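Note that this complex is displayed minus one protein chain, with the remaining chains in position.
Labels run A, B, C, D and E following the written order; every chain starts at residue 1.
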Amino acid sequence: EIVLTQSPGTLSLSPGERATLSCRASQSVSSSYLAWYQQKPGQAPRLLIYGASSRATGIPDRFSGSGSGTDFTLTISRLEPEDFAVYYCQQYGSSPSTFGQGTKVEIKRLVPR
Amino acid sequence: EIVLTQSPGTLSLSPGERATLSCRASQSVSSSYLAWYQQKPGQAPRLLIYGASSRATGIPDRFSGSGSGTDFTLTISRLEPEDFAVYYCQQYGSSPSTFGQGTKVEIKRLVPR
Amino acid sequence: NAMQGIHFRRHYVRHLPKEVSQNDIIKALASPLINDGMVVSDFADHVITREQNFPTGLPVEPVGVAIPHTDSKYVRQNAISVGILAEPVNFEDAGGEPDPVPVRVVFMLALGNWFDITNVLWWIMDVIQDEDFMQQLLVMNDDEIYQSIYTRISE
Amino acid sequence: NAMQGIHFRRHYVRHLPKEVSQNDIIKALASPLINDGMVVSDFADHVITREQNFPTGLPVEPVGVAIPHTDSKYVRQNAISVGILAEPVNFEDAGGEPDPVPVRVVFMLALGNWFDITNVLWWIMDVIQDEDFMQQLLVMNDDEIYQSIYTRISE
Amino acid sequence: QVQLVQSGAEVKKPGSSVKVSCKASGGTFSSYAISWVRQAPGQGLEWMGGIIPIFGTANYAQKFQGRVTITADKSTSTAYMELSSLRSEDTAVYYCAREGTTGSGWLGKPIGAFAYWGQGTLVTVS
Partner (left out) sequence: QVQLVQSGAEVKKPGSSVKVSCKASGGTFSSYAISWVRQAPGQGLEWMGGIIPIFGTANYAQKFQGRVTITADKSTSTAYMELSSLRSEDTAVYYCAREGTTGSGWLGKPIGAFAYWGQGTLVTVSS
């Protein structure tokens, strides 16, 4: 099938910083058929981006989707503790839909005591 | 060990109706140590009532608790779709805390299929 | 566009006379898709099997419609093939009701992406809301039909 | 009330002599509780063991406080007793700091319900933040102390 | 504001089958795509298949073809996923999901991506 490979596997950043998440497809995917999800612990995935760059209803501007072809990117600005989650990319350009393996985003203490 | 027995096992009602739930304790429990929880499938329990009759913060007025000694009651005065769920009573008047077995409040089917 | 990537030609419009059975309607609409390499060569067999078990008649007014299709794995390139029936032909109701649907307009779908099906369905259900347009389909010639549908596909 | 169900007597208020060790304090404050049947007869041993392993010193100043207790299973009826020390005696800091708490006021807790412990802690924390009252405890007689605590127990 | 509400957790014996429900409310049932997605504990998301209720038949990922049956019942606005011949490897949270739409009303253009998710149903195989 079409394989989506996300990088990095884990991303540990400070609050307030700008995060860049990559999703690479084994073959070209039409931008109409690429989505990003956020899954917080114990919750269902939450749709952030569809068709590569369209924000879903209620999603703030600090989540931004970009890219085309084999290389797509999700950018999270002003990173919050609450953004602790695994983020998945998905292609739905044909059956079966396939998902990336996820990027785990962790938020450090700004300064450990 | 204090046993809490809830009745009925299952309650079948329409939205807008009043639900009346019982929790019977094998020994007397001080009113200060009886609580009620709501739990929807695949979700964590949610505290409704503590100290037998006190509403937890944010809990709507339609939820009310009463009773004392061995006999406690949870009332949901006007059922919303969101109220169909399992309800548990709990005593914390000594260690170990024990829970009732739950009452399932389920929606009545009006038109036979 | 809901109809992005869907191939449509004048040759994907035909009138079928009153004699033609449901199966042969499906074969007829498949025929030009097969010739153009849009679908596997036994595409019609698979659409027939689908229709027999999971029907696609929609009891819309004033002109009944069907939307025959099959598994996306039998599709090579995206297309729609349109049939105008000289008289009503019964298709079974997609929503599983017992009463047949008298159909006059058939939209055969060949879609390679399962996730695009509801987009095309949405467009069909939108297009047919124009009662006047549906009436015109019953009287227009193939050239007129092509232009009318092409316009609604294009934007 | 946070202190609902807690038994408290003038006989549970004790000024302790300047000689006392920490163990002496625990035994002395246990004494009236034992003899009123409020706790098991070796209650003092169990509080001493607890204090060594999980200390109950609270580093408030200028009047340091400790809250010695043990497992609820050693309690038969709910009670508190209160020790006033003539000189400070070191208790270890409950919060885990290496610096000792120079304690002058001791609240021995005998609580039969684990789920009630934080209620009494909360009440204590409230009481010992009246700086003037804590000062008064160091000079008040046993009857003045009884009444002042009784008033605070009764909301 | 479509809501998807799933049936409760189940402990199942090896070899048995489980049928999970997904009731959809607050929007249109018949003409929008509902998918089933599974997540083994601590692992990632896997698309199992999907159904457009009005067209009756489901589309399956071939890994699940012949063990999974997906159905929909318009009279109760409910979709189902039945998994047969359960094995240890089938222990997972199972989610239903439904595509979003754009525009006002409940009959807007679909977007394919899964805007709405059920709460998940835990199945453990003992």
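Points to keep in mind about this one:
The rule we apply is simple: a residue touches a chain if its C-beta (ideal position, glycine included) is under 8 Å from a C-beta of that chain, and two chains touch if they have at least 3 such contacts.
Considering the full assembly, D:50 is the residue among D:11, D:27, D:50 or D:76 that touches the omitted chain. The residue touching the chain not shown here, chosen from E:75, E:88 or E:104, is E:88. When the missing chain is restored to the complex, the residue among A:26, A:28, A:43 or A:57 that touches it is A:43. Mapped onto chain B, the footprint of the missing chain covers residues 32-33, 35, 37, 39, 44-47, 50-51, 54, 56-57, 88, 90, 92, 95-102.
Not every partner is drawn; the one left out touches chain E at residues 8-11, 41-42, 88, 91, 122-124, 126.
Touching residues on chain D toward the chain that is not drawn are 2, 50, 53-54, 56, 69, 71-72, 94-96, 114-119, 121-122, 125.
Please note the rule applied: only the chains that are shown with their structure count from here on.
Remark: chain A and chain E have CA centroids separated by 22 Å (rounded to whole angstrom). Computed centre separation for the pair chain B/chain C is 55 angstrom, with centres defined by C-alpha atoms.
Centre-to-centre spacing of chain D and chain E amounts to 59 Å, using the average Cα coordinate of each chain.
In chain B, there is no position where the chain touches two or more neighbouring chains simultaneously. Residue positions 50, 59, 112, 118-120 of chain E are each in touch with at least two other chains.
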